[PDB]
Amino acid sequence: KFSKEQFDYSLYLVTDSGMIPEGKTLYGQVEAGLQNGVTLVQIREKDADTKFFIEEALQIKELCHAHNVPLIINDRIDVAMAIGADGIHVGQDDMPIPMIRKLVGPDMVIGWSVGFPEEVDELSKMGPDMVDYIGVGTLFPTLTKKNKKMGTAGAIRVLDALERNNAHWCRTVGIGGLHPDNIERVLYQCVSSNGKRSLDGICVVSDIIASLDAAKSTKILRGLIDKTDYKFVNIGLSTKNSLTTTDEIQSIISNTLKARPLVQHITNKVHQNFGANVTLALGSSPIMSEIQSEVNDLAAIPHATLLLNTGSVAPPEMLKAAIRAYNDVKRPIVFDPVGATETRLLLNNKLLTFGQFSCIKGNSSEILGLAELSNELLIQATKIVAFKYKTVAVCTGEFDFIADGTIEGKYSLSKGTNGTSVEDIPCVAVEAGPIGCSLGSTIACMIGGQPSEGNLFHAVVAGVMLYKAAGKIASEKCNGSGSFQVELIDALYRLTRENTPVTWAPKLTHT
Amino acid sequence: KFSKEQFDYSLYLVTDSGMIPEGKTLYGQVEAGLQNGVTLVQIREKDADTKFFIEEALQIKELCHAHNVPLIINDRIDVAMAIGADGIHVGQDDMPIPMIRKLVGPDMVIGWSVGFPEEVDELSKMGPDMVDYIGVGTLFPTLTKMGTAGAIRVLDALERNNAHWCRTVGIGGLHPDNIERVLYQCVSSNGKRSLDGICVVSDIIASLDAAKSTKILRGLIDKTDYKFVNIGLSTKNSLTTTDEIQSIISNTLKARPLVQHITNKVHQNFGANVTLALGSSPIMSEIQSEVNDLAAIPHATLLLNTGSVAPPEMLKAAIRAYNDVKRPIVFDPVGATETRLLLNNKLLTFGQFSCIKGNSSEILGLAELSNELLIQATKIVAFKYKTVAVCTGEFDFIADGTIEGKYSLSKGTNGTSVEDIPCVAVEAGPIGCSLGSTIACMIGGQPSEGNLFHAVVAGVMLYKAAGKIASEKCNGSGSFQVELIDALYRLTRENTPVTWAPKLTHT
Amino acid sequence: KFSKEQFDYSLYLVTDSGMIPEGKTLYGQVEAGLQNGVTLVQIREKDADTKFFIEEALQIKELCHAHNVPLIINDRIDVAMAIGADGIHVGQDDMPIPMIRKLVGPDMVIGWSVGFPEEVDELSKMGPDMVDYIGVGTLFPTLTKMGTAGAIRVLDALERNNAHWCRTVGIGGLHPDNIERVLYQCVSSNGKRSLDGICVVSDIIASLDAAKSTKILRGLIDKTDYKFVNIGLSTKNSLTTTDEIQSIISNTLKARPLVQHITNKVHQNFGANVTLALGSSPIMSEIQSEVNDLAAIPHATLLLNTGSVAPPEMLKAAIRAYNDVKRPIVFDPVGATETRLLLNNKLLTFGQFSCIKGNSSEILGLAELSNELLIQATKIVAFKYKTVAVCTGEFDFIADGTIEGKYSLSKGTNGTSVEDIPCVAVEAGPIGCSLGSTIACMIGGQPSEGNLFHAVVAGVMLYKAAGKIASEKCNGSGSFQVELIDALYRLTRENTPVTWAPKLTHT
Ligand SMILES: Cc1ncc(C[n+]2csc(CCOP(=O)(O)O)c2C)c(N)n1
Ligand SMILES: Cc1ncc(C[n+]2csc(CCOP(=O)(O)O)c2C)c(N)n1
Ligand SMILES: Cc1ncc(C[n+]2csc(CCOP(=O)(O)O)c2C)c(N)n1
Ligand SMILES: [Mg+2]
Ligand SMILES: [Mg+2]
Ligand SMILES: [Mg+2]
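Protein chains in written order, with PDB author numbering: chain D, 2 to 148, 150 to 151, 154 to 343, 346 to 379, 394 to 455, 465 to 540; chain E, 2 to 146, 154 to 343, 346 to 379, 394 to 455, 465 to 540; chain F, 2 to 146, 154 to 343, 346 to 379, 394 to 455, 465 to 540.
Okay, chain D solo, but in the shape it has when bound:
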């Protein structure tokens, strides 16, 4: 018999009998997992005879208690009472929490499956001793649950309602579609806005239970869960609070010129050509492939980068493949969501759950939207985006605000961030007096050439300066919309062919 505060939600294993690899037992699997982590166990029988249920449940509570880890049951309250369970997990369509508590009395843990912030509101109007831990939504598509309606974005919305309502007593785990190919990302971008709360643990089912080798699969998840660095891009992620110096900007450009980045553009037909020209100017080769099979070979090429629009004709099933393919080799993705309308809203949020981006670029509307909402306003909104999607965010306008919410690639369980909140991540401005997707292309090239020892922040900033600089130079040499565009590409070339950033007009202050 344990006590609420003894429950280690680190690596929470949930079982499913009908999914076991031929030649193995539910016990065998659930065992090899206790020898390598699986620090908590839920028994799940959605179909078996409520007797065979009790038999298998008793059989596993001996193995469990043996390794000193609790057993939880789902979602049969009676079976829990019957066999001396340590806790029960119930869903939103199962017996109400108040009724359960009256039958079981305080001291027994209660899980509740929560997917929306509106459900955290009810969990709170019940006070402590009611709910003890929630399993958050269904983060990713899974083939385990056979029947209602997520991503990290959705889980943030819930961790945030756990704070607004100050439900200190209630822990959290993330569950569903969780595998080694996205655990770090999930752990990494699942923090409350104020940086105070994160997931206390991770849930798996088809990852150990369905495994031809549960011993290894469990040891692997352990590896990731209590690591603390998500090095998602092969650049430096160090937090730099010092403004970007002329010497820094100059060395960024020599690298991007000397390493001829290959920048794959997945974007609309109107930027296709233009964007290719900005790339050619910046001394790098552009490829416009939306071909799924190619994607992994393309991203294999040295110093490759992915710049990425919405409204592209490519099927989401290819974006998901491309995005992943770049993250697997740890190369930079520059995201730019042009949206706004109901369809694009959906598409953009689906994309944001496919992987981890090194930069998210947008204008006023697209940024205020992404933050889930002046000048003091844009700044606060750029920082929210930056933090939320753990990325360098750029907000374009008369002023350009950059913000670094990468936080050196740190995650931890529950902690959650090191007191580092939305409000105080580095954010800098760039302006050059009154005067599109071409920036994305520029940003893309600067990050692209950076070496192991580079820095992702100074890169994204150098880019904004280079562009705003060509921006000022063109607007003076031009005759109208037509020639402005071709003198912009001209300026971008001359400027980076002579690395004299001590010359360019944009002024770089603190925001």
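Treat each hint with caution, since some may be false.
EDC-like, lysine to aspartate or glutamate: derived pairs with alpha carbons at most 16 Å apart [claimed, not checked]:
(1) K223(F) / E188(F)
(2) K536(E) / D332(E)
(3) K47(E) / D217(D)
(4) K147(D) / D185(E)
(5) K147(D) / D48(E)
(6) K2(E) / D164(E)
(7) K47(D) / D48(E)
(8) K52(D) / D94(E)
(9) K25(D) / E167(D)
(10) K47(D) / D50(E)
(11) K200(D) / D444(D)
(12) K62(F) / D94(F)
(13) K146(E) / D50(D)
(14) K146(F) / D48(F)
(15) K244(F) / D48(F)
(16) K231(E) / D185(E)
(17) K25(E) / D217(E)
(18) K146(D) / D17(D)
(19) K334(F) / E428(F)
(20) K200(D) / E167(D)
(21) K150(D) / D50(E)
(22) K52(E) / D94(D)
(23) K146(D) / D185(E)
(24) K47(E) / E167(D)
Source of the hints: derived by calculation from the structure; they are not laboratory data.
Got chain D sorted already, so can you dock chains E and F with the ligands onto it with the hints?
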């Protein structure tokens, strides 16, 4: 809150959500049912969200409690404790009973789906306050999720273990077309216990007129007479007199009975002769469609063999057609082997027989086991199937288990056990399915005011009597057979039973 | 490299690659069998790349040449010349025989698939050095790609043509449940020829244990006793004495045999009566599941008619069932027309009969064709189907063709031909399925030490004697029939054969 002894098991309604006619509600049906009986209610949700379960079970608990009838839950104990239910019913593959008792404490009614005697044994090894009532087996084929004989074996285990505390209900396929029969033969062998109640589902829930279906079952449930055959069933203990035997034969001769023979090929011919001899007409139809029209003809009678070639589906048909027009069926299970055991035990659950006729071996098999021994088995068969049971041999024993056609809930029989039903004997000194045909004809010609038992005995005399005559006038197996038919013809054509050789004593 | 004469056709294995149980190799089986018999191997690939074929016919020619056993290829000649094979087997739809003998030249073995006599004619007018051996038709239904009668016709042509250079193996559905019967009744009509060996497979290759399967098949082949009926099979040339006929009748009254009749409607009734008279119990089952249960009962006997309405699949069930337990079967083909001719020949390949009964017509067809004529046919039938055979007329002829249940490879009998089996006659002057029932009862009664032949005769005498007696005490067709049954009753209730009118002489 009720007490265990406040539970009325009469008409016990189990609910099913996905079976209600379009335009109607689970509240709707279960309301009209309470108004005309439905003296107990179980909610059953094998599929629904365990919340909508709670919701829908609170809403029906107000309805039930208002007509003052309990509410039982199958088979989630949690849902039961949760909503303060009155009882819970659990099946064999559900939560062990000791565990349930431990979570609900004594005072809650527990139900246990029992279909085999061996499980009544575990129910007793637990003592009272454990299992409080049981649902017996699956009596008949049903499409929502043994026979009456399979239930009796249970009601018998409840007696040998003296588990007085345990009530019973019958369940599975129960409808107006067999309720009265279930009730009528579902009694313990010592006659002291019967079913406390009848349990339905598809019969009220799935009714386009719930109100009306409930009023019909109540109709049958608390009546007490199964007039299953248009003949008198009075219990006569006065040996059949010579004037009685006489009158029987006059009636069978004056109404020219029509006897349907569903038998093998070997008896076909010989059986029709014996019928003809008796002044009546045989029909050897084994055609399903014809069956209703046939049995509607005046004084129709069905004689029935096993090992006939006709399919079970049609035998089911026939037996039914004849019990519907309240006419007499005479059963004769020749068998013994695995196939014939299975086939007969299926036929015996298709309807009610007016007389089962076997020889020594057949009789011991049916009775589920000398001369004192034959007598016991012949009673056992007679009481077990509530019928007149004949047993052939040097001595023929006739036993009357019709008990005037009386049933009742839990009573069960007026204490009238296997041991004390009328059993007589017939014998005519040392000397088959022809007996079937004789008996058949005799019962056939009986008028509303007649008597079944006396008629079956008349048959066994007449036959035994024509027997001695033949054996005296024959040159061998060959001519014995024609003369047996002749003597039957000469005997019935002169009603002087005071002349006949066979002596009829008590057993 | 072998010679034509070093070919041991005893156990002839024929591979099939796609039928080996998961976990086993064609090498593993073909090896496993070599160590327990498998005295000649053929390689059969009707589907694989003619390369892989080649590799596998080499790998397996080592394994074979090592156990000193040849290797035959079918039906690709090239592959046989190519890997230095010992012989080629070709069918009817394959390369003509002349062409082959030119490309491979003498000293190599050529086996032909023959299944009709005509094909033996072709095979004769080609002389020796052409066809060496021949696999005979398909004997029984098989799933891998006539009966033992079809085989006989072929083994006859091989003699009428005098193809002394030609061996024979039987093939097609050969399994433990039917190998001895095949080995036993598959001899020449002149008794000088029989099968030189037996072709599997799907019995060794398909086997979950190829070693055991091959040991068994060995057991059967070089044994020389087919005990198919648990009764004496001794040849007796001593006319059946009065004492024996009397003993015969006591044994059968005392043992009350159970005679299962499978027959039409018109012999049902009459049939049971005769059996009854003979003091034995008749069963009229045509029920498939009961059939194994029935034949387990003591002293059981199967009387089989044609034109019964029973499905062929069931008669197969039954005929096997009685052979499995070694109890007697009496066959009575009533036909004559295309459909009946078929059905009959088909039953005569389901199992081993103890007696075949027919009249002039029926007995003539079964022989495949006066008073000298009816004797030669009765002998032919008796010998062909290895059984006691009975031709009914004014004279009745009985012929013991069982030869003591003796079989041996190629030999094949012990010079006992169709012309010289014991055949006796029975007559009583000028005067059906009844005689079937009578015989079935007299054989049924016999104990381990009895004699099939004497019993068959006993029956014919009894039935004949009861004939003369009835013909006298009767007034017509009707009274004759009943009187006949009576006389059977009387005659057997007093075993005084010395009294009977029927005269028993040699034929
Ligand atoms: C602690 C807890 N939270 C939520 C639920 C409901 N739930 C959401 S998705 C899913 C399947 C995950 O398997 P996989 O890892 O194969 O995607 C489960 C069972 C629960 N039963 N327990
Ligand atoms: C009290 C009790 N005894 C047994 C059972 C199990 N069971 C046996 S038959 C069947 C279907 C009845 O509807 P129908 O009239 O269509 O046969 C049911 C539900 C139970 N749940 N409750
Ligand atoms: C010697 C010889 N005779 C005939 C043939 C043709 N053939 C007739 S039956 C059959 C398969 C029977 O196996 P089973 O019935 O045991 O499955 C085959 C292979 C041949 N290839 N060689
Ligand atoms: Mg649930
Ligand atoms: Mg149940
Ligand atoms: Mg061929």
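- [ ] Against the structure, test the hints numbered earlier, and report the numbers of the ones violated in rising order.
- [x] As far as the earlier hints go, 2, 3, 4, 6, 9, 12, 15, 23 and 24 are violated by this structure, in ascending order.
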